[PDB]
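Once you have looked at the hints, place chains B, C, D and E on chain A.
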Amino acid sequence: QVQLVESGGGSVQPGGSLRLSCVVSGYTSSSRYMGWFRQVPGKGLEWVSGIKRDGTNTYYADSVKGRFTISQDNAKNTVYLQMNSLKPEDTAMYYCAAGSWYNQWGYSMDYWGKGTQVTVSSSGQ
Amino acid sequence: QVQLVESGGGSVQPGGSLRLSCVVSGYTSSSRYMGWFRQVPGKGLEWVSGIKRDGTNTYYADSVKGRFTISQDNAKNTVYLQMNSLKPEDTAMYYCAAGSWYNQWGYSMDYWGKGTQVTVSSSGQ
Amino acid sequence: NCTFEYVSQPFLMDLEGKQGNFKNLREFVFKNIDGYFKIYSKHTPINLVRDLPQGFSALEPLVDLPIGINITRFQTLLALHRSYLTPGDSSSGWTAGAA
Amino acid sequence: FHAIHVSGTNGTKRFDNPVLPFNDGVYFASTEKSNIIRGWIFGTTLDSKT
Amino acid sequence: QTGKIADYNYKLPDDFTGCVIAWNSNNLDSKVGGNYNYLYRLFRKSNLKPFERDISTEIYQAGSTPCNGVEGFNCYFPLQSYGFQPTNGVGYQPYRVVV
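Chains as they are written, first to last, in our numbering: chain A, 1 to 125; chain B, 126 to 250; chain C, 251 to 349; chain D, 350 to 399; chain E, 400 to 498.
This is chain A alone, in the form it adopts within the complex:
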């Protein structure tokens, strides 16, 4: 019923910038929460960021304060993640998930997407 499609992955030199976007299609809105997650090979998922439609309950992981910047485009049903000054640690396999963070009840990441990859290296991917 619902599909998440990512885009914007690749490789960049340390201290660079990137832009990971993804579009949802098949969710009846109300209280969309779209959240970016990273997977470091050999570890579980780590919250990258998240945001609700117009609720602006944004989350940024502690170590990445400032490096990321999340944004939305509700008309296009899309969520954007700007990244600046990629340190070598940031290399990881990135996803965005859709759910619903009702304030009174809690958050559930109902659906997950395909994914893109971010490579911080001195010679590219």
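Each hint should be verified, as a subset may be incorrect.
What the hints assert, rightly or not - Listed next, the in silico BS3-like pairs over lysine-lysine satisfying Cα-Cα at most 30 Å (straight line): (1) E:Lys430 to E:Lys403; (2) C:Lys281 to E:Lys410; (3) D:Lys382 to C:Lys288; (4) C:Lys288 to C:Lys273; (5) A:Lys65 to A:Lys43; (6) B:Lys190 to B:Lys201; (7) D:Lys398 to C:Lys268; (8) A:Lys76 to A:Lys43; (9) D:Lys382 to C:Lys281; (10) D:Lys382 to C:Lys292; (11) A:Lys43 to A:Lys114; (12) E:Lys403 to C:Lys288; (13) E:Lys444 to C:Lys281; (14) C:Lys273 to D:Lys382; (15) A:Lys114 to A:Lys65; (16) B:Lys239 to B:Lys212; (17) B:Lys212 to E:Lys430; (18) B:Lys201 to B:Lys177; (19) C:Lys268 to C:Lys292; (20) E:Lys430 to A:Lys76; (21) B:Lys190 to B:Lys177; (22) A:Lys65 to D:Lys398; (23) A:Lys65 to E:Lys444; (24) E:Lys410 to B:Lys177; (25) D:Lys398 to E:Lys444; (26) C:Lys273 to D:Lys398; (27) C:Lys288 to E:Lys448; (28) E:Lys410 to E:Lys430; (29) C:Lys292 to C:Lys273; (30) B:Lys168 to E:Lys430; (31) D:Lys362 to C:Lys268; (32) C:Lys281 to E:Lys403; (33) E:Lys444 to E:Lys410; (34) E:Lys403 to B:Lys239; (35) C:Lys281 to E:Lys448; (36) B:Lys239 to E:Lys410; (37) C:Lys288 to D:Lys398; (38) E:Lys410 to C:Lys288; (39) B:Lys239 to E:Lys430.
Please keep in mind that the hints were generated in silico from the structure rather than gathered at the bench.
Using the frame of chain A, we list chains B, C, D and E on its own:
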């Protein structure tokens, strides 16, 4: 802490009969007031009937006289609405509410139930 | 985004005489209880410097506004002469009276 | 609190418009042959959030 | 009484003297696409005083994450919108109240 359970609705030809039962659970009582309200789609709630725990200054709307009868059973903590001479406008959503009708103060409709539908039609629901 | 506006006949201007040090002692009592802002006040004609004499005055109620706010802090408003046209030390600033 | 401009040229500019606590209520007295006192403002955080 | 409304939105004094009137408004306040134009306070640091209004919208810190600003975790916008779908059970339909 409380629950109201409705049952007994459905569909019948004009001029038929029915009986809708609403069970109450969770009141210390004293001055229980169980009533039925009617919801016509595209409109608001309307009074149908109401009865106390033995008080018996019952209510019936102006256009609803005669057809409908109200009964109670404190042992089972239940109230019933006998439906007779179903004229077509009686097709609506019936809801049982519970509260307290004090002589001196007034009434409040504290709790509402799940409700059930009634269809006065020539071909059933 | 505001919820209550109100006007009425004024009560501040009841001055007496012309050239006393301090002549009119106006007292107000402000009390915010249960969403209800009660304002009492009374005026006494008294001529003295360094006022608050030793007399007794019963304050009458003026208004009770149904505001419904919290109120923990307050401030007084003073009409201040603007010193950019006055005879006295008029360059850019301000001058006050004696109240 | 004073609102007395006049001085002896040593130090002028004596007035008082401080922000004061309200607590349980206030008694406010005013002595003036003029209209300098004009009213009051009440609140909790007097910026825009209340 | 105690609850979300009786604590964070609208409170009556224990010595109230007056009449509460309430009637269903499903025919003027719920829309097929959803009437999200009615709001209620869901978090607040302390209960209101009687007849005390609060129209603040500062972010409420629900957890232990100091979150001055929009960013932060377990930090919620204090208001919440009623989902008055006309298909809601009467228990969740709108109700106009005059006190």
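Legend entry - Proposed proximity, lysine 43 (chain A) with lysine 76 (chain A) (alpha carbon, max 30 Å): violated (33 Å)
Legend entry - Distance restraint between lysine 281 (chain C) and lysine 410 (chain E), which requires alpha-carbon spacing of 30 Å or less: At roughly 20 Å apart (the allowed maximum being 30 Å), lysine 410 (chain E) and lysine 281 (chain C) satisfy the hint.
Inset, instruction - Quickly compare the C-alpha distance for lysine 190 (chain B) and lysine 177 (chain B) to 30 Å and report which way the hint goes. - result: At roughly 19 Å apart (the allowed maximum being 30 Å), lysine 177 (chain B) and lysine 190 (chain B) satisfy the hint.
Legend entry - Holds or violated: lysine 410 (chain E) to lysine 430 (chain E), with C-alpha atoms at most 30 Å apart: holds (29 Å)
Inset, instruction - Given the hint that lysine 410 (chain E) pairs with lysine 288 (chain C), test it: the Cα-Cα distance must not exceed 30 Å. - result: holds (20 Å)
Legend entry - Holds or violated: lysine 65 (chain A) to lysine 398 (chain D), with C-alpha atoms at most 30 Å apart: The given pair, whose Cα atoms are some 27 Å apart, holds under the 30 Å limit.
Inset, instruction - Could you grab the alpha-carbon distance between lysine 382 (chain D) and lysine 281 (chain C) and see if it respects the 30 Å cut-off? - result: Measuring from Cα to Cα gives roughly 27 Å; hence the hint holds.
Legend entry - Pair hint outcome, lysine 281 (chain C) versus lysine 403 (chain E) [Cα-Cα no greater than 30 Å]: At roughly 28 Å apart (the allowed maximum being 30 Å), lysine 403 (chain E) and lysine 281 (chain C) satisfy the hint.
Inset, instruction - Would you check the hint for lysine 430 (chain E) and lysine 76 (chain A), treating anything up to 30 Å between C-alpha atoms as holding? - result: Holds. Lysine 430 (chain E) to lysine 76 (chain A) sits at ~25 Å (cutoff 30 Å).
Legend entry - Restraint status (C-alpha distance of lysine 398 (chain D) to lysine 268 (chain C) at most 30 Å): Measuring from Cα to Cα gives roughly 44 Å; hence the hint is violated.
Legend entry - Restraint check for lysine 288 (chain C) with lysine 273 (chain C), where alpha carbons must lie at most 30 Å apart: holds (26 Å)
Legend entry - Hinted pair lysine 430 (chain E) and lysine 403 (chain E), Cα distance within 30 Å: Judged against 30 Å, a Cα distance of about 24 Å means the pair holds.
Checked against the numbered hints given earlier, this structure breaks hints 7, 8 and 26; the rest are met.
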